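A.B. asks: Letter by letter, the chains look like this.
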Amino acid sequence: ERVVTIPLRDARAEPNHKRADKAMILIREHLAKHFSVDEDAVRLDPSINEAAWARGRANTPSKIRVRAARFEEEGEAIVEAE
Amino acid sequence: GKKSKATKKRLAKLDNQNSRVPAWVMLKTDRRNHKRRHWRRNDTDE
Amino acid sequence: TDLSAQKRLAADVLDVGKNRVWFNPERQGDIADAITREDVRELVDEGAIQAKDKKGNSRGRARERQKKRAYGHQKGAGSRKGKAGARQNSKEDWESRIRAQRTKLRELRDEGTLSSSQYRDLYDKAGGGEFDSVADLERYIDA
Amino acid sequence: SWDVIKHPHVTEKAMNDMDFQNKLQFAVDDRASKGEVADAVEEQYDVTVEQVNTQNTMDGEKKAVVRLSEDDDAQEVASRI
Amino acid sequence: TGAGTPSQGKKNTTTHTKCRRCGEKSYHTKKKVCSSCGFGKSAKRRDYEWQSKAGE
RNA sequence: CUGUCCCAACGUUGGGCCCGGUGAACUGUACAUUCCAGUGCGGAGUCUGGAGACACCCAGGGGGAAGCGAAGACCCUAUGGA
RNA sequence: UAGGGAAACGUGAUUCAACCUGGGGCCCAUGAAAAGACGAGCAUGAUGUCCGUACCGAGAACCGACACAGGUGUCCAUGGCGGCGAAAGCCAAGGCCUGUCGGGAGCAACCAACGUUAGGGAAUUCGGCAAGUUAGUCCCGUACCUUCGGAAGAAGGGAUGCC
RNA sequence: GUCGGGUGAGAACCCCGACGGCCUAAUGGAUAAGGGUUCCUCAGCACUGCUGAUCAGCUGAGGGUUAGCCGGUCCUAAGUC
RNA sequence: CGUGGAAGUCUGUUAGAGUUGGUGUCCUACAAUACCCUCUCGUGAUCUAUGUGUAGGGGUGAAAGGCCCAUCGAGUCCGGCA
RNA sequence: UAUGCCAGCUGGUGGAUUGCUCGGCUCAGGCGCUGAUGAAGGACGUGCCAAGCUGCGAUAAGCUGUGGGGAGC
Ligand SMILES: [Cl-]
Ligand SMILES: [Cl-]
Ligand SMILES: [Mg+2]
Ligand SMILES: [Mg+2]
Ligand SMILES: [Mg+2]
Ligand SMILES: [Mg+2]
Ligand SMILES: [Mg+2]
Ligand SMILES: [Mg+2]
Ligand SMILES: [Mg+2]
Ligand SMILES: [Mg+2]
Ligand SMILES: [Mg+2]
Ligand SMILES: [Mg+2]
Ligand SMILES: [Mg+2]
Ligand SMILES: [Mg+2]
Ligand code: NA
Ligand code: NA
Ligand code: NA
Ligand code: NA
Ligand code: NA
Ligand code: NA
Ligand code: NA
Ligand code: NA
Ligand code: NA
Ligand code: NA
Ligand code: NA
Ligand code: NA
Ligand SMILES: [Sr+2]
Ligand SMILES: [Sr+2]
Ligand SMILES: [Sr+2]
Ligand SMILES: [Sr+2]
Ligand SMILES: [Sr+2]
Ligand SMILES: [Sr+2]
Ligand SMILES: [Sr+2]
Ligand SMILES: [Sr+2]
Ligand SMILES: [Sr+2]
Ligand SMILES: [Sr+2]
Ligand SMILES: [Sr+2]
Ligand SMILES: [Sr+2]
Ligand SMILES: [Sr+2]
Ligand SMILES: [Sr+2]
Ligand SMILES: [Sr+2]
Ligand SMILES: [Sr+2]
Ligand SMILES: [Sr+2]
Ligand SMILES: [Sr+2]
Ligand SMILES: [Sr+2]
Ligand SMILES: [Sr+2]
Ligand SMILES: [Sr+2]
Ligand SMILES: [Sr+2]
Ligand SMILES: [Sr+2]
Ligand SMILES: [Sr+2]
Ligand SMILES: [Sr+2]
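Chains as they are written, first to last, in our numbering: chain A, 151 to 232; chain B, 21 to 66; chain C, 234 to 376; chain D, -9 to 71; chain E, 456 to 511.
Think of the hints as simulated: they come from the structure by calculation, not from any bench. Hints are supplied without guarantee of correctness; some may be wrong.
Unchecked claim - Cross-link-like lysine-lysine pairs, in silico, BS3-like; alpha carbons within 27 angstroms at most:
{"#": "1", "chain 1": "E", "residue 1": "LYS485", "chain 2": "B", "residue 2": "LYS23"}
{"#": "2", "chain 1": "D", "residue 1": "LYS52", "chain 2": "B", "residue 2": "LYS28"}
{"#": "3", "chain 1": "E", "residue 1": "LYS508", "chain 2": "E", "residue 2": "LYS486"}
{"#": "4", "chain 1": "E", "residue 1": "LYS508", "chain 2": "E", "residue 2": "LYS485"}
{"#": "5", "chain 1": "D", "residue 1": "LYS53", "chain 2": "B", "residue 2": "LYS48"}
Unchecked claim - If you only want the chain B side, here are some residues facing chain E, beta carbon under 10 angstroms, derived:
{"#": "6", "residue": "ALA26"}
{"#": "7", "residue": "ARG30"}
{"#": "8", "residue": "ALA32"}
{"#": "9", "residue": "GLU66"}
For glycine and all other residues, C-beta sits at the position ideal for the given N, C-alpha and C.
Turn these sequences into a full structure, and let the hints guide you.
C.D. replies: Written as structure tokens, this is what we have:
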């Protein structure tokens, strides 16, 4: 378990009106790389969803502080905002 | 549209004609409803 | 589990729109067994099926604006969009003005201040539009 | 000649009317009036009919909802037949 | 307005209906005449020699 | 008044490109890697002489197939029609 | 001491669709008919049969071969801010995420829609085609010509928020 | 549209919650015509659905439309027989 | 000066009717006449629903040989007919 | 030797071919009117389970009589 800072600047590559959707993908991709698990195994608590969709679908924050835990036999990660 | 009693009897009949050929006829003849009418795809009279 | 049939029943039971009825996420299975309207009413009493509160637009910022405009503010040349006669109807303003002028002259006749000869002379002048306001009428009477 | 009462209409909604409202439902001949349905029920079952409600079903038949008096019990009449 | 597809939308009038006499959907409910058997027009049934080839 | 132009640039959204799934049509005598000249019913990928040419595939804009589409409305003709 | 509401279970006001009732004006235009009702009381009792009644009413229930971006009548025209407004924009009630395939590449060329382009300013083109300029409201002011109505918002100038 | 969750052999698109949106003479409500059972329930996925489907206007089986006072019915209109 | 509120009157994407330009998009379409913007009329020779009448050398036509069910310098169907 | 060309082999696809005929086509002989005593035709019904066809008509794939027929239906 650790607190990470996910940069969401690569969501600008995706069209403006859809930035929130790509931000959510970027979070799942980051946590999977940095915790050495599969993208299917990463579970984002609705707090992260609400954090990224806060100013609508187009204005997503450039960064996001996230608290993630790693456990189990197959290996997975439960993640939330702070 | 407003239907009459006779028009209703005809529509009622057309609905009954729309049922499948019973399971037992398949066994009796040892092996199709050719009058299959759909409300959208097909058209009735009047 | 498909709870859409129940959402239709709950909306008629609570007499609220389909989009405002809330179902408890932890009680999906109990709502899935809810066949009849009596089953729905029982779940409303249990608190599992609820109706969300309807929105009402806040008239607060409108009220502050109504206070300013009643006091004569925010009605400058840069806030007017309609033409002059659109903002205040001229026929209605003449109806307001002349009815007031004829009510003043009617009171002054009953009071004895004006005679049926002086009154007739002023009523005909009022009907000809010689006085702007009631104050301008009084300013003519007094000499 | 045609008989008035064809057969009793026994469905879920027919039972609700029988258990709670003392109403017996019948599939009758489409040429029969409300009065003719009333008479035939009073004769074939030995009861007293108060009101008859008719509907021409989407089956080509006429459905009649017959309400009995308080002296008669619809649940008891439907059980013998 | 096109005489094609956009003029087809106005077509909700009922004219030809099932005929009391012959059973064909040809009874014009506005004319009260059948276009198939001639019901409403004649006591005799509408038959014409051109409904078949000359030598048949 | 201005990107209509000098004279074009950068950006935005949807496509376009790659992957899963769905899945037509136009067209097809045959053969067919062509190019330059020539010849021929005088407007040839196929004939003649040369030149060039290892096969397959992706994307492209459309030079050619006198490209595909319609038994030319033009013109004349028919002891044709209206 | 019906109903309905968890509860309270208001009172006054302004503007007032519906509805009621009048006054005026116009026509080389004169604005249905019939059944029926009224005229012509009250009690009590009886009778009141027959046919329609589901659902859609539309970017999927209709017509257009289609779950077609087309076509298709009526009533809701008084929901809030806004403003002249049944206008825009925003938002309730209500409806919807089915104008029904998705995933990926700062995502190239090229195309459709579009934003911004220095200096010049129609040199472009058959042609300012396309685009743009102007704009609401008040004040001042307003030419030629005219059938005296008009031209006219001519043109031109000024003003415009908030407290 | 997104994150969770539900059901399921199977879930991007079936259902629940949350968050985020869209529609304001309409994408809301009631209806005429026209349609004709398309309505409701249960069971299904061979067909239909611009992909998938556990969903459905699809397949199958059941069920559903109750009137003295809402329409028709009666009257007459252009006009028709 | 006021009152009055006339008008095949003006502005107006009110509803509604219409269709100037883009010779844009589409052009095996969403569509056998569509999409978008622009534009015109909008108290009248106005627009509109339903009912009703006029029929093929005949209707209807503020006249374009326009329209009479995707059919018109003579509709459609079948027959004459091979 | 990849992409691939020609012929064949096994297996498909397809439904020709050959064989078969409950249907047609044509000729010949016989026969020949029905209907207000409501025809012909059509509609809707009618079966334990019944959608189509055939039959039949609320007595509804049928009722009665006579003759035939025969152990089945
Ligand atoms: Cl008055
Ligand atoms: Cl009705
Ligand atoms: Mg059914
Ligand atoms: Mg005035
Ligand atoms: Mg009834
Ligand atoms: Mg030729
Ligand atoms: Mg010529
Ligand atoms: Mg000639
Ligand atoms: Mg659709
Ligand atoms: Mg410049
Ligand atoms: Mg222009
Ligand atoms: Mg289901
Ligand atoms: Mg008409
Ligand atoms: Mg000419
Ligand atoms: Na249909
Ligand atoms: Na029955
Ligand atoms: Na530009
Ligand atoms: Na080319
Ligand atoms: Na308002
Ligand atoms: Na879908
Ligand atoms: Na005057
Ligand atoms: Na246009
Ligand atoms: Na003709
Ligand atoms: Na290849
Ligand atoms: Na004979
Ligand atoms: Na059958
Ligand atoms: Sr259809
Ligand atoms: Sr049924
Ligand atoms: Sr019409
Ligand atoms: Sr006649
Ligand atoms: Sr004849
Ligand atoms: Sr050669
Ligand atoms: Sr190309
Ligand atoms: Sr209803
Ligand atoms: Sr529409
Ligand atoms: Sr159109
Ligand atoms: Sr809402
Ligand atoms: Sr779909
Ligand atoms: Sr800038
Ligand atoms: Sr120029
Ligand atoms: Sr100015
Ligand atoms: Sr509705
Ligand atoms: Sr399957
Ligand atoms: Sr449904
Ligand atoms: Sr042009
Ligand atoms: Sr397009
Ligand atoms: Sr075109
Ligand atoms: Sr343009
Ligand atoms: Sr106008
Ligand atoms: Sr006008
Ligand atoms: Sr012929």
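A.B. asks: Determine which of the earlier numbered hints do not hold for this structure and return their numbers in increasing order.
C.D. replies: 3, 4, 5, 8
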